[PDB]
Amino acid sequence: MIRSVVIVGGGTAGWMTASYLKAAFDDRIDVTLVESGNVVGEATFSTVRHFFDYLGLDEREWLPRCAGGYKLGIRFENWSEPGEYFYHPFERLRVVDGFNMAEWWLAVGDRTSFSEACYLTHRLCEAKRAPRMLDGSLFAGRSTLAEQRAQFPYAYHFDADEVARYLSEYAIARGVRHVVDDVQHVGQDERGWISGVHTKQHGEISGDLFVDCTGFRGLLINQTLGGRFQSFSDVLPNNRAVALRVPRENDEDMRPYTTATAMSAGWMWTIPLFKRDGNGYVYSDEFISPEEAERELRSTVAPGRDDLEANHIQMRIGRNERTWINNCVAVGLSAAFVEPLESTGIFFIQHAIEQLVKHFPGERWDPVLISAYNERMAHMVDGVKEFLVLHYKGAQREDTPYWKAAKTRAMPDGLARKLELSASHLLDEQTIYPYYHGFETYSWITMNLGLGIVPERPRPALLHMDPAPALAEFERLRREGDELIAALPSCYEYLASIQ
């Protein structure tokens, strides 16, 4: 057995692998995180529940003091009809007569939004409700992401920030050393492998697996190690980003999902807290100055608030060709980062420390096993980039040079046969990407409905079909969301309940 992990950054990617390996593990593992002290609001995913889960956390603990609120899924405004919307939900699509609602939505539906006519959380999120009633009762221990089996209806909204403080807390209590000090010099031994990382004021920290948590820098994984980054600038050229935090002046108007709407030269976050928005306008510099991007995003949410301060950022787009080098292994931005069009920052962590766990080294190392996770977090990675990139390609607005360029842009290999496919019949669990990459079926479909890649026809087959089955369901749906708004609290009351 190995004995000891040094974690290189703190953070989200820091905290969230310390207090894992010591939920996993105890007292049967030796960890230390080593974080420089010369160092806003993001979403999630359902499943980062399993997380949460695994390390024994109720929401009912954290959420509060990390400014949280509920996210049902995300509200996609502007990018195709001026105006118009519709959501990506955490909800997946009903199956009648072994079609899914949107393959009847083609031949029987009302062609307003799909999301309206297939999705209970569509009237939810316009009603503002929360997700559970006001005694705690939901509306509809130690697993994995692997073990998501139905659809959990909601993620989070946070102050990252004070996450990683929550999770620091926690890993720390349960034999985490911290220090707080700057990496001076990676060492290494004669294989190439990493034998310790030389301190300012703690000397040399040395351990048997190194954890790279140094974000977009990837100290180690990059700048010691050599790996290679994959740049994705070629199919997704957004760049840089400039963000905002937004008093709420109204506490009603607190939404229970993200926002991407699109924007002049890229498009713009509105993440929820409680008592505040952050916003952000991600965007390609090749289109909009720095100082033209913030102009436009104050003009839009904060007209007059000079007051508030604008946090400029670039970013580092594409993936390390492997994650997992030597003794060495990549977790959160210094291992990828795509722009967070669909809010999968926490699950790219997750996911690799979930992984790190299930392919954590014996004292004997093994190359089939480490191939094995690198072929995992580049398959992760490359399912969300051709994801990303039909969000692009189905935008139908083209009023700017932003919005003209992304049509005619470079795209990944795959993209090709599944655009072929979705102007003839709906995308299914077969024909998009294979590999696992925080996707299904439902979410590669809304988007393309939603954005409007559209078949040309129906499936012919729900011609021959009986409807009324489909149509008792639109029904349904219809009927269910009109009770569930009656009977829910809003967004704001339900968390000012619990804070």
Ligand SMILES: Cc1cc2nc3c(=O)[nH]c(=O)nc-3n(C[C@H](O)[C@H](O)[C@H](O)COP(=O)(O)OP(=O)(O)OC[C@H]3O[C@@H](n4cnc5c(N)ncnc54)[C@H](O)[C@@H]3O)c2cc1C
Second form
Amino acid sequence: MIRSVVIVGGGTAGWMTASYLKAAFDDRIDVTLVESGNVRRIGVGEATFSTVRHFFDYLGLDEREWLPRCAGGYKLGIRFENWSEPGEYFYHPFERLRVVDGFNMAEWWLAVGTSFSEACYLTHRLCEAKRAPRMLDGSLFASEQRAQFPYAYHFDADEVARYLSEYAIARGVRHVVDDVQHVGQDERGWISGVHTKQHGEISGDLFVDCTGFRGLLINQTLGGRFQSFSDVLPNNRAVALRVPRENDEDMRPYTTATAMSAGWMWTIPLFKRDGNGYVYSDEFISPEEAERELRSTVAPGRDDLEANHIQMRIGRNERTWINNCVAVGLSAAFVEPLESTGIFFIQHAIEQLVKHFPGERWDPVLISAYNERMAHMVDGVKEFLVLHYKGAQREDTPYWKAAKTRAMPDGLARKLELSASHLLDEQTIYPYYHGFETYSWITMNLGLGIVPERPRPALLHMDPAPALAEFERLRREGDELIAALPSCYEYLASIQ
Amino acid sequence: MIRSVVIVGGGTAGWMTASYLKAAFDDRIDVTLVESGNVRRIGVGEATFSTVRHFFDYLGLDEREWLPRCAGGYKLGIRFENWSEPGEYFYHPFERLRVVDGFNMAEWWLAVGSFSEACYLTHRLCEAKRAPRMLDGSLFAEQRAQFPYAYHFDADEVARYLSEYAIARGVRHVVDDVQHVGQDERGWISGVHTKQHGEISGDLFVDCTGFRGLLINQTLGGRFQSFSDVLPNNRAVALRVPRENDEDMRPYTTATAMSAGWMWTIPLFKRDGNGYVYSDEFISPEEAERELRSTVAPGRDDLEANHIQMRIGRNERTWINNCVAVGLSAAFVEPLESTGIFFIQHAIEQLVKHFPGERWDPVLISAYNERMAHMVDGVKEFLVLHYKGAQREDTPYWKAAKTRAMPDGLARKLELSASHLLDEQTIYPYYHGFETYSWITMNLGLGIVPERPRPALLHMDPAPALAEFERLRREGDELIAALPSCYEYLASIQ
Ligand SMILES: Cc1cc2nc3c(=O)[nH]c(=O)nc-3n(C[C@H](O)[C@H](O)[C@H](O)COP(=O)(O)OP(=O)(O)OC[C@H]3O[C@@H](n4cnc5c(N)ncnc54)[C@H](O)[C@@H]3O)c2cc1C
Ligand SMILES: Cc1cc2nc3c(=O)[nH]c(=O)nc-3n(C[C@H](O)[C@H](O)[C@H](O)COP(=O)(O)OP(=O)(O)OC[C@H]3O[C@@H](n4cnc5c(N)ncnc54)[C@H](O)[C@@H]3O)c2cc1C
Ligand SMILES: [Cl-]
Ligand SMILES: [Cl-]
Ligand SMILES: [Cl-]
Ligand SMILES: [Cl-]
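Right, the form deposited without the named molecule is done, so what does the form deposited with the named molecule bound look like?
Okay, now the whole complex, with that chain kicking things off.
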């Protein structure tokens, strides 16, 4: 049985790990987290995926407690703007499709359908009317019912790290602020300790690499091989800003992904401000050009706002667990934030680390099974993301023209062939766990313009009444909800 | 749209198909079923899988209506006898494992704990021979998914019952032999030519002719892929054995390992169904008949034995041109996990979903074929796991099972399983009827057991899981005291 964990890095990954380990094992694990006082955290990572409520539940934290305290907001979905038709948009919401007489509402929409998201999802209305997912009395709008509309969150990246470090430290995590200068290895190549500038050697049984893109343990010490995805997903840089909203009250309960001339831009509404960034490929546009394009769109004349330029490491380690070291966060893998998966990868890496926790024997088969899961997790998203670029109909710049013909991962060709005939399902999407469900694959395809040539032939043999009564039911439930629900900001104000 | 379906074959496959199509499309589909008056149905296929309730629900039939009428009983799971330690047994039940603090009861059992007895309510119900219903008809536990119990029924009666259902709903019934299958200039089926009713044509043809594969294999040249290299059982001998005491009725199938295969016991309302599944490379058809009779029906030579040659494997494609194979014509594996009728149901459900329009869509058809292939391949792999987990080594047959070649992917599942339990991510990843608990339950019961408990559990409070084991033990106690016997309940609804 092993006793102690040493985490290197104090970004969102480090502090999520420290928190979760203490929540899981309490006093049956010793945890130390070492982080540099001079190497900054990435500074971004402000939108989350639908699994994140489980992370906070596991920690014993209600959203009323943790959300104001991370200066956050609600994420009901993502609004995709300008990807295909210009001025046009759709939502990818956190909401499962209803099923009528064996077929989901997407199939029926194609046969008897108003845009797809609008006809099929309550969430669409909530986004348009800028509603909170809760009534003022704190009851969920569905009124588990939380799974049927698995909304996520926006939060401030500084605050969440600050908040979780306090959570972890309150629970006995030893905190060291220092630079690791060298990582020791025993005669078998296993990590023996990390040598700091002022605190000597810090040893332990298990080491968690949370050093970001740098991969200081997993790559620079252990020689882990990093598999780049630049061949299919070229975006390799970002430029970020923190932009105050002219009107705080005007707060959207969703992230916006807006296609730009050489990439795309995020808008993440927080309680006090927006987060903004342009994800781009430097083969098509320079870092200044991108900064200029970004500022022009979301912050004209606001040169007091400092831009944060980021070089992204896109792809994954072949193995995120090597010897006694596990990489969590940007050190393990990263794909561009088009579907807000970075924090999801962290949560899933940590939840599966607890499941695959080593005993004094360090069982290689259990480690191997952990590595497979993490590989599948990222490869599924990678494929899902390439599908975004293949579905995007705009062709107006060298960038968008090149996205159309660029090589694809194995498997996607088949998914596109299928999709031109009929909708993807549980059996034809990526088959291993990667966060996303069928509705997400379908919703992107239909929003972007990858549509079956014709409706499902079976539906012509069937009574359309039950599905038409369902579309009407959705339309009426939507009407009632936007009338009864407070705004996104209103509800958040009431719980601050 | 297409208008008409012609089904060839009136076994369980033909009639399930006819029934389901009418249930699905009512008067928006014309259906004709043609079946031989002289080529007998297989005569077996008496246990079902957990999915089967959905088939009957879809048809609009409550179990109280259909079950006594098919002379059936309850299947709470399968009892595996003599597979590893001799005289030893365990249950593979239709019951999901409870989860405590992020780990299922199997994991906890390994850390703090027989397996089936500790983890499943169904184990007690089987031992005490209970019905899954109280006399007022309420379920013992929707709550139906948590304990997805299935059924036993008489194979003659179910065909008889479903043909009536379908015919009442406008299925045209023809009793004749198909002598020739016509094809058009594209190799599509144009009609079936019968001995006395001329040509019967339609848009879609469903091959329900059994192992024969009259349309899909003999006419269309579909290729059959054999599984004999990994699952050599190629024959069966069956009996219909009356129970000395009808009241003594088990709510489960028994799979008993024998010298050169295994034997099923399926308790029906009036009688048992019995059979020995074997490989003729290790035992002759009469040796097997002698071994069967000796075990379940000593001295009862008045009972006629049904000897069957099984075609084990699957068609590469079950849907070719305008013809879809359903049932034994499509695929078959030995009935060790009662999957034949499941394969039919799933084939038919997916046929409705993949139903063709007037414009035939090769991509939709290809997606149908992938699902049918995965369905059977998943079960194939799961069954080889039974033979690999069986620890008995007492005959040439059991010795050979130990070293026989395996399907791709199973070696990995066995390496994993010696380390820790299989899960949703490491079992066969495509739909094949079975869930994780089934894979786990078979491993633990047969004796493929992680070397040690999961190390994470040593860092955790065992109290919640121990309180759960106790809760299960107490709920079990209460259920066997309150539930009527399997026979008692069935008697009350006859
Ligand atoms: C442009 C961009 C946009 C993103 N958007 C999203 C999003 O919308 N949603 C989402 O979920 N994710 C997003 N991500 C991912 C998100 O930022 C990360 O998942 C999250 O911030 C965790 O980062 P990290 O902890 O792994 O790395 P970092 O923040 O880089 O942390 C590295 C830590 O290691 C420390 N360190 C480095 N070297 C040493 C050393 N020598 N000794 C001691 N300490 C050391 C540093 O001091 C720091 O504490 C985005 C990423 C990028 C690049
Ligand atoms: C030994 C054994 C045990 C089994 N146990 C189980 C079990 O426990 N549980 C389970 O779910 N499944 C079991 N199965 C499978 C089960 O028997 C079948 O799934 C089910 O009976 C359906 O069979 P079928 O309709 O495909 O074939 P068949 O019963 O053989 O039907 C063939 C039909 O085609 C007709 N036909 C053939 N040729 C012509 C022609 N020339 N013209 C007109 N009609 C023709 C015949 O008349 C007949 O109606 C078992 C199978 C075997 C062999
Ligand atoms: Cl489905
Ligand atoms: Cl991300
Ligand atoms: Cl899990
Ligand atoms: Cl079977």
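What we label the rigid core is the largest C-alpha set whose atoms superpose within 1.5 Å from one form to the other. Residue numbers count along the first chain shown, from 1.
With the two forms fitted on their core, the C-alpha shifts between the two forms stay under 2 Å for all of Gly383, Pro340, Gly218, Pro153 except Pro153.
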